[PDB]
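Quick one: the structure is below, and I'll ask about it shortly.
A single protein chain has been omitted from the complex, and every remaining protein chain is retained in its original position.
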Amino acid sequence: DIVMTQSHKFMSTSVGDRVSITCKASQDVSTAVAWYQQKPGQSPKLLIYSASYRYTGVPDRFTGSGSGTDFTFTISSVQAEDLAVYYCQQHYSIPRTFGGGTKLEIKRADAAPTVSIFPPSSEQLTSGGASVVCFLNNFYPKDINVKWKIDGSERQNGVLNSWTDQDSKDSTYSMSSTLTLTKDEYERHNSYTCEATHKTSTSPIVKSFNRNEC
Amino acid sequence: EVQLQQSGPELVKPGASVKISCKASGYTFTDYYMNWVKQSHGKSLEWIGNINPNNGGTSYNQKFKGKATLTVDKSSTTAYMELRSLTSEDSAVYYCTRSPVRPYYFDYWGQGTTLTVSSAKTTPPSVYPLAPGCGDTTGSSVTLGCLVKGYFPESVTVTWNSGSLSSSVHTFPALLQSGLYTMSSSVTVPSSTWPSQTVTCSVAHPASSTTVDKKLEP
Partner (left out) sequence: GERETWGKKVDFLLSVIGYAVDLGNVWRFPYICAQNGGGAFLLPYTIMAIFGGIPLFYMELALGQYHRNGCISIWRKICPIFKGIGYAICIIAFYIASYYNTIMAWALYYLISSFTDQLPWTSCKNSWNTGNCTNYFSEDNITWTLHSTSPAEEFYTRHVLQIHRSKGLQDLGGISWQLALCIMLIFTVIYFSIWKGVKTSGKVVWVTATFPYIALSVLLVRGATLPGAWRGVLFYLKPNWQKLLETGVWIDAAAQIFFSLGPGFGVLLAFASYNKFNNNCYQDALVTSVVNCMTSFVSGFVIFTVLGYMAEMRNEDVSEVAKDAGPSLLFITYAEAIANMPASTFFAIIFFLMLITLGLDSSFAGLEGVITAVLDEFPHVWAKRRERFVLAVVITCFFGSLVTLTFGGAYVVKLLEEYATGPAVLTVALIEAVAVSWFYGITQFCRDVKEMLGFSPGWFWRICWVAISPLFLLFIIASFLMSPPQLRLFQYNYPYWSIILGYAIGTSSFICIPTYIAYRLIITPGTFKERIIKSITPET
């Protein structure tokens, strides 16, 4: 069989920068290599076929090159909506094999993480539970510390951090810190506080609220 | 208008079988090979095999020989793929893509099919609203959201006001724990639309077929 090797699993670039992905094959392939684009949550989309040729309904900013084993997919003007995972696939010998996939992350300026803390609703209190939420929206990059505080004490148990994929409009990550607790323990504490440490500012963003009917 | 519509999500116990459909339109169905591609969570694409609609000329991969069975129907122009002896590895997203004879590229793909192979019970999602406090500072924009706790499998859809509007919303990936998934959603809307109009989050679960809608109240 044939093994299509993609060395770079991840590549970083900025809006407007020239980016190129390499595709390594097992044996010689001559002309036949196709490049596919798969946006997060969508099906793969054909961009390039036969090394250089473009498929119908594809912008002029997508180009292809290479002849043999090493091939190159080139994007000149990276747009915000060009955020997707790119694959390369040979189409000469049976069976048809793909590559590892290169997740093209977009590099931009720093952004201040808007933090918003939310109290447990009455519908959740009816069932017998209480989860304090701490949302972190619009920031860059992905690396960011999240510290919880129930009543001045650093809470570490019952905390779940969830990082979303990069955005395709302004390229800003977003994460959610969840603190799931019981109702009995929730009715024994009043003011909750979640904070976040980022590289935009040295001072961690602090959010707090009171249980005493807001 | 070349469209390929597959079937919905499938939750099946290990050892059983599952069949996935593929309705084709917008082109001459008897002109192109029909293919199936398996994609695991976080992994790459994997060509299962193709089939010739004219006579059902099947061509499988050595890695999938005796694992998948491809069939076709010209009367309705629909392809089918059947999987037996299901394991946790088969829990993946499957596509059906059109392809010519030469050059062998995949021009049009289906939307995909989320397969989950597990003996875990189909658990209905717990929909708990997440409304901002009455002591917060209403600035130029307020952030809303809803919470989904405990469901199986990874088959849930949270919409906002029938998809209008959703310029500023953030959906957080499902986290699996104790056999049950848990996720959350948020939306950033200006202070000139809340709490004036009606903003209601919808949580649908196709596996359990349960649609619970909750309106946000300050």
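Think of it as A and B in the order they're written, each chain with its own count starting at 1.
The definition used in the following text is that contacts are C-beta pairs under 8 Å (C-beta built on N, C-alpha and C of every residue); 3 or more make two chains touch, one makes a residue touch a chain.
The residue touching the chain not shown here, chosen from B:30, B:138 or B:166, is B:30. Touch with the chain that is not drawn comes from one residue among A:23, A:32 or A:117, which is A:32. Take subunit B: the residues that touch the chain left off the picture are 30-33, 52-54, 100-103. Where subunit A meets the chain that is not shown, the touching residues are 28-32, 50, 53, 91-94.
Following the convention adopted for this analysis, only the chains that are shown with their structure count from here on.
Each chain gets a centre from the mean of its Cα atoms; for subunit A and subunit B, those two points are 18 Å apart. Across the complex, subunit B meets subunit A through its residues 37, 44-47, 59, 61-63, 95, 97, 103-112, 126-136, 143, 145, 147, 149, 170-173, 175, 177, 182-184, 186, 188, 214.
Of all the residues in subunit A, the ones that touch subunit B in their complex are 1, 32, 34, 36, 43-46, 49-50, 55, 87, 89, 91-92, 94-101, 114, 116, 118-121, 123-124, 127, 131, 133, 135, 137, 160, 162-164, 174-176, 178, 180, 209-210, 213-214.
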